[PDB]
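A single chain comes next, written as structure tokens; it is the form solved without this ligand.
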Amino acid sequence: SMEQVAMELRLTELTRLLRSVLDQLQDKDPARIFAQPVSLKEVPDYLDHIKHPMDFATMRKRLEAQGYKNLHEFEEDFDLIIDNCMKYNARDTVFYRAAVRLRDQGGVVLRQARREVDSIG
């Protein structure tokens, strides 16, 4: 149908906007601490601690399959990256600190993204 196509163009445009959001968030991680999944070879107990691992490469895979229906779903995955790190790693660690700085800097980007998603519909 013509409606299914219109819907698909909206999703494609959301994907376009989320791709730009993702790039902006990932620039706030210049050490690349959050770029890839935590290695289960190097942290074999990880899944005993963290039940839903997340990282920017895994978000990008979902993004490119148009697997984010709305900004809420995308934000859920970004918050997993931060929250998983802040639980597994102690406060005095470069990892925890990186997550805090990503959360703080990402807030600004996500605030305007929400306005753009509502605005453009």
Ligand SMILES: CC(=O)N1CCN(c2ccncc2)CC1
The other form holds:
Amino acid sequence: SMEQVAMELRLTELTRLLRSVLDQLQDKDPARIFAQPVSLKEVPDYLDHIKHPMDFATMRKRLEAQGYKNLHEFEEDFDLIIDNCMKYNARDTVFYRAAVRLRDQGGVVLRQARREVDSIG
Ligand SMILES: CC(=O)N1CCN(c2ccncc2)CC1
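If the structure you just shared is the form solved without this ligand, then what does the corresponding form solved in complex with this ligand look like?
The next block holds the full complex; its first chain is the one shown before.
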């Protein structure tokens, strides 16, 4: 139908916008601490601690499958990356501090995205 095409056009444009957000967010992680899933060969008991792992690569996979229906779903996954890290790692680690910095700096990008999503429909 024409409506389904229109809808898919909107989703495609959302995906274009979220891909830009994702690249902007990943820039704020230059050490690339959050680029890939935490390795179970490197952290065998990770899943005993963290029940919903997340990372930038996994987000990108869902993104390209147009699996984010709105900005809120995308933000949920971003928050998972940060919150998982701030629980698994102690306050005085380079990991915890990297999450804090990624959180604080990412806030600007996400503030704009919320307004762009709202204004452009
Ligand atoms: C994202 C996150 O929490 N981490 C990623 C890096 N990491 C390891 C990497 C290599 N070996 C052991 C651990 C644990 C902490």
